[PDB]
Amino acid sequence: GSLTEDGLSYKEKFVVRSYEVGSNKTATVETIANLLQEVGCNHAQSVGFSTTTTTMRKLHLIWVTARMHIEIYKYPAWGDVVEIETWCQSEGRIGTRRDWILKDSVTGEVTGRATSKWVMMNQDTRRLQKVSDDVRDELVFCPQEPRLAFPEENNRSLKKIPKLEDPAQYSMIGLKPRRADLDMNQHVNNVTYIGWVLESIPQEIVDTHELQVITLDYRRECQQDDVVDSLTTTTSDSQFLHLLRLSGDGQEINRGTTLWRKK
């Protein structure tokens, strides 16, 4: 792991582990999602961010994920080395965007790519806001010219996701996180929501198709003592509309869409 020559991006190689692969002996989307998070963590540390900026800690501000979009063309097989390059950019006074490019260490070809949108919120009141011009200025770790992993106009990462109507075609109910699903701050790791979204996809779909695209909008955090219901409906290759909600009151926590290709 190291910052590139210009100091405006970070690269890291990862050997895929035995427990990180699925039945087809290639890394799972949750392993990829974990690797994207790990490289983003290391990039923040290499530029001087402790375990948020100085102004962000003085107030009580945090960066929260609003959207995650991942497109995979080839999943790295068990034992393969995958190189991930990440970088951040200011999306005006709306928030911050982080992008990734996944490559094969041997061929050098792009085998996947991701993008995420982050908003500012108060740690405690959990409100939102985003104005902070001093927070914007402390921009020195970002490319000044736009560098998008998803440049194409009319691309899959900027589409409005509708809400799943009842009854859902498929469902997986009674989903609750364990201590392994929690992070270093005791919050549910936002990779767990991806795993919970795909819990409602039927096993036959997973056995005969490979996940090509996943777009996930984060609406609310799931507490440790909360229970989630995962809902799915085919909207068509194979397209699915998803919805995570609290088992009780039916409070929306996530909504998304996946796209699968025949193997």
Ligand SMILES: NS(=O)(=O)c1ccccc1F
Given for the second form:
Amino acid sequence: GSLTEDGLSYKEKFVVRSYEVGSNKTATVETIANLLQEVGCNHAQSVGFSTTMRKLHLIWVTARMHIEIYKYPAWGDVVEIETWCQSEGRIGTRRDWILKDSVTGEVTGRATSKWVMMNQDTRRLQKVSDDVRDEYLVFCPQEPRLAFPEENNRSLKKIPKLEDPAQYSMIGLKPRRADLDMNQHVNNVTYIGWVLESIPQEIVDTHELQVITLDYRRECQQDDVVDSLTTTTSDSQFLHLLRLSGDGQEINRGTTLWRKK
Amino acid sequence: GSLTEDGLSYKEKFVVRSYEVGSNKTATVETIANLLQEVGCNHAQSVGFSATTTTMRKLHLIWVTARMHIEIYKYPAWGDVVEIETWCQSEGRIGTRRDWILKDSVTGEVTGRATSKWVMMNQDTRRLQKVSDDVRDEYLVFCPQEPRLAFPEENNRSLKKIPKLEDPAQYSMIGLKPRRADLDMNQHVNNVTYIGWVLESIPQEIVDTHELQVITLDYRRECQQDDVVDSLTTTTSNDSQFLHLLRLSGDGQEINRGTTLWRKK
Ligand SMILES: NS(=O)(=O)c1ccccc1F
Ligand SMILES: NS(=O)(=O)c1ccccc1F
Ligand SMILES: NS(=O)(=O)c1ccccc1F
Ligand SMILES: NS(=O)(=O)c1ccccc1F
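Can you swap the form deposited without 2-fluorobenzenesulfonamide (FBV) for the form deposited with 2-fluorobenzenesulfonamide (FBV) bound?
Everything in the complex follows now, all chains and molecules, and the chain you saw is the first one.
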């Protein structure tokens, strides 16, 4: 991969792997999500960032992830992904992505993520300071560059809390070592897989996932156990909730949109 | 990737990904195992295979893994390039074997090696059979004629008999279930998930203070999508060795057994 000519964005090509595809012989949404995280980490490395504010014990954390896929790439196909960041004042930052078929050059998908500033110890959120905002802006486009430009778009919709009883459920989900990152935290993509576990297999077999919006409220520790809840709100639409198996503490909520194959 | 000059083996380079590494900032053994499976599948595609030959397909016959043996000297770091060479060989009527050599692309040194034993089985009845002469003929043309072993040694670890763990196990991890990401394109649990499940019953302290050097895993029975597994481990031993057993959470039916060797970091 490499930064573009202006140095304000980053592109990388990936060849789809055999173990990365599902029953349709095309990449799963978790393979897509992993590739988005990888090109994001590679963009961070290219401009000197770690996966000045380290002394204050301050980190960026994901609050929301929104992904829309038009075509999933097949095993052996090449996918090109362009990514870039932008500041949103004191709320936090945003990382966007565009996915293209390397052969046709057509847009096959797009994604956007909202990130907030928090203390690594204490987990307390904060507004972004001017000192941080200054050294961040030099690696971003100055004029707004949105993967989802449309006024009143799906990526900015408020998500409601699922009411008991859920229509569907998958209980007792636990992360294994493969679900952790190099810093021993559960990888954000595992939460997507856990959300989708409560979708019935018949919907998976007859529909393709088109849109997924996921809010990240609280981290799942290594020794925690999660319950995945899903209720049909409708094309098929679902409302999702991930909560701790015991006390019911919310870790995530989201929505998915599926189209008939 | 590409087949070598003689067309009897296949090489491929991989750049290690951020989500593929562990706490040591180096690839996990499951990332290594996935790369071995990927270069194997790419070698199959390069010479016109699904691993089923044209004769196996009509008879609903498939190759299935019976044993996987991996030895790692150095795990590659995030951003490093690893080169993997793979090849197959027939073992008469017992079945076939797929071997691999892992090298650092920069230094050219061997950083690891692996070997796997495969048996012929009917896809539907799950009944094993000996390799027919007709299948051995169209297989041989894609393999080296002279023996080429990743583990040549006279007393190598890859061919050792594995005993069954006795209750009570020293360590255990209970109620493990595959999720959709653990399945392959054919909806079967990916062989690498079983490695992850075996390692789940190793205490976190051993992981934190030791590097895994050798793993030998026997595959007795497949875990279905709706099955639940228990992972059991007992210390058998500066080097630490363990005996492993994966069995169904209910009736205790054995799915896998194996051994691991770990060295102090
Ligand atoms: N925004 S992120 O952390 O790169 C991310 C990527 C993919 C899935 C979920 C995520 F949160
Ligand atoms: N914070 S970050 O994801 O390392 C980053 C990487 C590249 C450009 C701007 C950024 F903010
Ligand atoms: N021999 S195999 O199927 O390529 C394989 C690769 C990696 C782990 C376990 C395995 F069984
Ligand atoms: N059976 S297989 O894994 O498709 C195979 C691939 C390449 C060479 C020889 C082989 F036997």
